[PDB]
Amino acid sequence: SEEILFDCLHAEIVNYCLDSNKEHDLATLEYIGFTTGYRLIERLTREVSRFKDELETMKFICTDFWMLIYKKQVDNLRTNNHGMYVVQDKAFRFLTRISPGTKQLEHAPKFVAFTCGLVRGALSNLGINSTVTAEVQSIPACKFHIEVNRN
Amino acid sequence: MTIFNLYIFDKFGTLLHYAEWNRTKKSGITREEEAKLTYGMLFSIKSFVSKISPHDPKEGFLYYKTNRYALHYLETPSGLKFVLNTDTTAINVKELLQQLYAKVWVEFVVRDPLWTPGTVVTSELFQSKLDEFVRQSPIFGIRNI
Amino acid sequence: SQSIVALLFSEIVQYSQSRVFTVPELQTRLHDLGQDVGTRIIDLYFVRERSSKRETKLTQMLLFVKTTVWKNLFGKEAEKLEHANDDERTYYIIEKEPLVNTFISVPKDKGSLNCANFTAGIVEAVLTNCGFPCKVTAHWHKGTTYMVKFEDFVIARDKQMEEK
Amino acid sequence: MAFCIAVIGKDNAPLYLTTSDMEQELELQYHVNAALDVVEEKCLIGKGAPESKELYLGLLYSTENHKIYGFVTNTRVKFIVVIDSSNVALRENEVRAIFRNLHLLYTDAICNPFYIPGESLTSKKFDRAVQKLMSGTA
Amino acid sequence: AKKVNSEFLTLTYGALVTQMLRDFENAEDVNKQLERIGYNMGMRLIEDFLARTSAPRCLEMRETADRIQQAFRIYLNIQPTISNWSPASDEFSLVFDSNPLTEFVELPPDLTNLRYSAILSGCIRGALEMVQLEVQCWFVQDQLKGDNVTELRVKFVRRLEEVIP
Amino acid sequence: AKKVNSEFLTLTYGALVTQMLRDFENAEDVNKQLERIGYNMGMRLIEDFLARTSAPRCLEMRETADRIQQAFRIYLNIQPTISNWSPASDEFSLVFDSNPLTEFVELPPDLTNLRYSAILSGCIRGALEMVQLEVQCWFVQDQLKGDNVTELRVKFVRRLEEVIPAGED
Amino acid sequence: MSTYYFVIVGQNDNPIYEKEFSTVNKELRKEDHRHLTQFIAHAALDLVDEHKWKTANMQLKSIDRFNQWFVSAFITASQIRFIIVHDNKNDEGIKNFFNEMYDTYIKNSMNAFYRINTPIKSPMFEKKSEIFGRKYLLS
Amino acid sequence: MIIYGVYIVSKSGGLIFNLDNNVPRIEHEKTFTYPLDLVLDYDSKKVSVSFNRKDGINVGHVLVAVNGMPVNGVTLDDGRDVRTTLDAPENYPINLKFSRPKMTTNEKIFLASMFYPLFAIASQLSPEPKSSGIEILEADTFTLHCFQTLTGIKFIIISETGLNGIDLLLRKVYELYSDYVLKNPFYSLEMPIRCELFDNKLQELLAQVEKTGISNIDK
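Protein chains in written order, with UniProt numbering: chain A, 2 to 152; chain B, 1 to 145; chain C, 31 to 194; chain D, 1 to 138; chain E, 10 to 174; chain F, 10 to 178; chain G, 1 to 139; chain H, 1 to 219.
These aren't lab readings, by the way, just hints derived from the structure by calculation.
Among the hints, erroneous ones may be present.
For the chain E half of the interface with chain H, some residues (derived, Cβ under 7 Å), not all of them [claimed, not checked]:
#: 1; residue: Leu68
#: 2; residue: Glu69
#: 3; residue: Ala97
#: 4; residue: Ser98
#: 5; residue: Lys164
Simulated DEER-style distance windows between Cβ atoms [to be verified]:
#: 6; chain 1: F; residue 1: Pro117; chain 2: C; residue 2: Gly141; range: 31 to 41 Å
#: 7; chain 1: C; residue 1: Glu192; chain 2: G; residue 2: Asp13; range: 21 to 31 Å
#: 8; chain 1: C; residue 1: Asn115; chain 2: F; residue 2: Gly155; range: 54 to 64 Å
#: 9; chain 1: D; residue 1: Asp127; chain 2: A; residue 2: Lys91; range: 42 to 52 Å
#: 10; chain 1: H; residue 1: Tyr42; chain 2: E; residue 2: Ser95; range: 13 to 23 Å
For every residue, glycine included, the Cβ atom is placed at its ideal position computed from N, Cα and C.
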């Protein structure tokens with residue numbers, strides 16, 4: 002039951018926020034974490050030949066990364082034409098433990114930073130870029146609103 | 001005919017929560033003093049046995065009974081206390097309280113970031129999950145060993 | 031009941047223990063109660079349970095009155111009888127059953143003697159009313175035991191009518 | 001069998017040591033070896049040098065006594081050893097294993113929280129990791 | 010895929026240590042933060058450890074050693090081996106070949122006094138005081154500071170007792 | 010089985026009464042004295058009648074009434090007969106045809122103001138008070154006074170034992 | 001006719017009671033009968049004590065016959081001396097008459113208020129005795 | 001079936017009678033070496049151990065005798081005190097007796113005293129309405145069964161934990177109670193009942209129940 006460590010540790014981070022900055026959280030967690038997951042992703046569906054460039058919707062790669070970490074699937078995936086889009090998820094693990102009543106909403110940016118801070122790829126929608134804001138209306142229901150680092 | 005009520009007390013003797021379902025004798029004492037009285041009583045019984053024990057009380061106190069209702073007790077080595085009221089005669093419930101601790105409390109309390117340690121739980125999910133775990137076996141009666 | 035009699039007799043002892051100051055006069059008061067019992071029981075049982083016919087001679091009356099009184103008191107005759115040569119006045123009548131223990135007995139520090147004397151009082155009543163003045167002591171020897179000191183004129187009288 | 005190790009960042013090179021199995025790389029092509037990599041990204045890159053696959057590059061670039069075998073990750077990192085052997089009896093299988101090893105060693109140097117990514121590899125540990133790689137597979 | 014689900018934790022810990030270390034210049038200040046944060050974490054964790062292992066309670070240091078090394082087995086998937094008992098049975102040593110919570114965090118950061126396992130020390134103490142065992146905790150050996158094995162030390166200082174009914 | 014003869018109990022009771030007439034000159038004193046000893050009787054009579062049978066505490070008066078008549082038929086081997094209730098059912102009368110204590114004894118005419126068998130009223134009193142139950146009992150008619158059979162009153166003025174066995178004490 | 005005289009004697013020789021049924025006349029001479037036969041009862045007692053030490057019979061019908069005063073003895077278990085003294089004999093009346101005397105005596109001896117050797121004034125006993133006399137002696 | 005102890009208390013709640021059926025406390029001795037892992041702690045006339053309950057020396061095992069020499073409250077028989085004896089090394093290696101404090105009678109009086117309210121305050125503010133108090137209190141290695149007289153006296157005994165069929169035994173001890181209060185109803189609750197006759201009658205009830213028969217109501 003290895004999760005309990007991380008639930009407690011992120012909980013205590015939710016606890017202390019010193020007034021110097023809101024989110025002192027730098028993203029090296031995110032960077033080294035996706036590099037680790039990609040050590041486990043020693044295979045992803047891109048062709049052996051280098052020229053034919055296929056982009057992997059980081060939406061899908063986000064699904065898989067949740068299965069590697071968040072374990073539960075991203076549900077409602079609405080996307081505009083360009084790099085701006087969003088995920089609508091009914092359940093969020095750290096907000097599964099909080100009362101579902103929309104009363105404790107502030108605790109999100111610690112959540113949404115963790116999905117930012119993942120190095121980009123040159124071909125867009127390739128699966129790894131990250132710069133993300135969240136708008137959690139309902140407690141279990143996180144709303145990670147994506148903005149690519151590009152336009 | 002579900003359980004009457006259920007009590008929690010820290011290793012410092014403070015009432016964490018009280019959930020009632022079917023208690024009827026309407027209390028002349030406001031619940032907080034009653035919880036204090038009960039915690040002191042249970043402590044007294046712990047001392048009572050730990051003195052008058054013939055040999056090692058490994059788990060010490062278990063529960064007490066009346067002719068017309070009954071009650072049971074659970075001891076958590078951290079010093080939290082579990083108390084509920086049941087009817088006199090049905091299956092034991094020592095195990096049922098162990099389960100409620102190891103699942104409902106360890107999940108819907110400590111794994112709640114917005115419950116600060118050593119206070120009153122006020123989670124609607126912990127409340128509703130307690131309601132449902134009691135509704136699991138709304139069984140009344142104990143005959144505990 | 032058994033236990034109602036035990037209770038009424040505890041109130042006997044207590045009433046004595048109240049308006050009596052020391053133990054031997056309490057035993058005396060018990061002895062008085064015993065005389066009161068005998069004074070009328072003996073005349074009762076002359077007829078109904080004693081063959082309706084008088085009996086005068088010593089040892090026969092001793093044993094037979096013993097038995098008849100015990101049958102109509104508790105229905106249990108005294109277990110044995112000793113009459114002692116070394117003092118022809120000294121006879122012992124001994125019953126393992128104490129009347130007292132219907133309620134099991136008293137403190138074993140203050141009062142050496144108990145109801146045993148009150149039964150001895152009933153005994154004295156019946157003996158002295160048959161024609162046998164006697165003094166009776168209750169001893170905690172071999173259970174509830176008794177000893178009888180008959181009357182001198184009586185002792186000479188039967189010693190003479192040992193023959194006919 | 002000179003393995004000019006060279007990790008590349010997005011554009012620049014965080015670590016590119018000059019080591020092999022036996023001892024240091026004497027040959028004075030180092031900065032211009034990185035220029036071999038730059039002429040890669042000038043003409044050889046094509047639309048291909050970056051991909052979204054764990055990149056098998058069996059000889060994306062070749063020349064005398066100097067054979068480049070490449071690899072790229074989703075994080076746009078360029079992993080390249082050079083086969084500096086006109087030929088030796090080693091076949092690409094152990095080269096694949098070597099890029100597995102190099103992947104893992106690099107990403108475990110990445111495992112450091114202190115070392116900011118994109119900077120010169122400070123880790124003498126990741127050093128000895130690369131050093132064992134060279135001493136073994138060269 | 011998924012040899013280790015929670016290799017995530019050690020990188021989070023590295024983030025926290027460097028974030029404090031930037032914030033507070035001193036190794037000592039972050040030592041206190043690590044200790045207290047381990048305290049709260051171990052307070053969180055001991056109750057779950059007693060929900061699973063369902064231990065009676067620790068009245069004897071051999072039992073304490075077995076319990077905590079079992080918790081390490083079940084929480085950090087490590088196998089510390091109890092050793093170096095006190096003549097009075099107060100001290101014992103927990104042999105971590107690999108501090109699991111570190112995977113080359115940094116061998117030289119150029120910073121002695123910066124102790125990593127302080128998080129463990131806080132967790133062990135806060136856990137223990139939940140179960141009425143005030144024991145101090147420190148680290149006799151530590152690989153990162155130049156050692157070959159990282160060795161936590163605890164010595165039985167006082168038996169806390171519940172009071173004031 | 011009772012293992013005892015009715016006349017012997019009667020003789021012990023006569024011994025008491027005569028001894029009281031002697032020791033204390035007045036009937037009122039000897040009567041109050043015997044009522045006290047009967048009060049102290051009841052403190053053991055009621056617990057005995059409970060040891061023979063754990064009767065119900067009380068839901069109504071006549072339940073106590075037939076409990077006590079059962080007890081009277083127990084130790085005295087004589088079936089009583091409850092009668093004469095209150096309009097309020099609170100108080101009743103109790104009937105003994107012939108008490109082994111009362112009978113085998115008549116009374117010298119000087120002792121008219123004596124109430125002879127009042128030991129039973131005392132018994133009832135103390136029996137009800139150890140059972141924490143407040144009642145008044147006096148023999149409204151006594152076999153000796155020319156009454157057909159001994160008649161009591163049982164005036165249960167109020168309560169002292171509650172529904173929970175904690176009670177007031 | 002027959003004269004009628006009953007006497008009751010305590011163990012301590014106390015004359016407990018005496019009862020008469022004879023046709024009333026010369027009351028002074030009837031009192032003379034009374035004391036005459038009481039001292040006669042003393043002498044007859046001094047006799048009947050050894051007579052009872054001889055035979056424990058139901059009733060000692062004759063102890064002395066003064067040739068005009070007749071001594072009939074029914075001694076009790078409590079040694080209560082009883083004598084009927086009469087100028088005429090009637091054995092069948094006297095035997096069961098002393099029987100029924102003894103019976104009603106038991107009845108009125110049980111009452112705890114009586115103590116050994118004490119006069120008994122119960123007029124109920126008087127009429128019981130009178131009924132017996134009309135049954136077994138008088139006509 | 002073995003009964004550890006038998007008790008009865010009054011309307012006062014005072015311990016009126018406390019016969020014990022001979023249930024000894026465990027004992028331990030071992031040739032103690034240099035300072036002992038037993039964590040010896042002085043607490044107010046108790047010379048005990050607080051931790052490291054090894055070898056069957058419970059925490060509550062009070063020091064009972066030292067090196068054969070008896071030890072009394074805090075110091076020893078000879079005048080030495082536990083501390084001075086202990087911390088002096090070269091005395092070691094040595095034997096130490098240890099066992100649990102058989103609570104001296106007065107302490108048992110105090111125990112019964114403090115328990116009485118729990119009986120009378122067994123959540124009189126119960127859930128169930130117009131309720132009734134405690135009757136059965138199971139425990140670790142004993143079980144308490146009480147019989148209210150339904151008016152007045154309380155009847156509590158201490159039996160082997162795993163057992164049934166004891167409340168009838170309480171009824172029979174109630175019968176013994178009636179037997180004895182026949183002795184002198186003046187001999188009332190105010191004084192305690194210490195009358196060896198009724199008491200050996202009780203120990204015969206004990207004798208019967210030590211043997212098999214607790215059916216066969218014979219007492």
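Hint check:
| no. | hint | verdict |
| --- | --- | --- |
| 1 | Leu68 | 5 Å, holds |
| 2 | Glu69 | 5 Å, holds |
| 3 | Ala97 | 6 Å, holds |
| 4 | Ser98 | 4 Å, holds |
| 5 | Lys164 | 12 Å, violated |
| 6 | F/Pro117 to C/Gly141: 31 to 41 Å | 34 Å, holds |
| 7 | C/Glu192 to G/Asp13: 21 to 31 Å | 27 Å, holds |
| 8 | C/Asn115 to F/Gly155: 54 to 64 Å | 59 Å, holds |
| 9 | D/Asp127 to A/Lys91: 42 to 52 Å | 48 Å, holds |
| 10 | H/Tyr42 to E/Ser95: 13 to 23 Å | 21 Å, holds |
Checked against the numbered hints given earlier, the structure breaks only hint 5 and satisfies all the rest.
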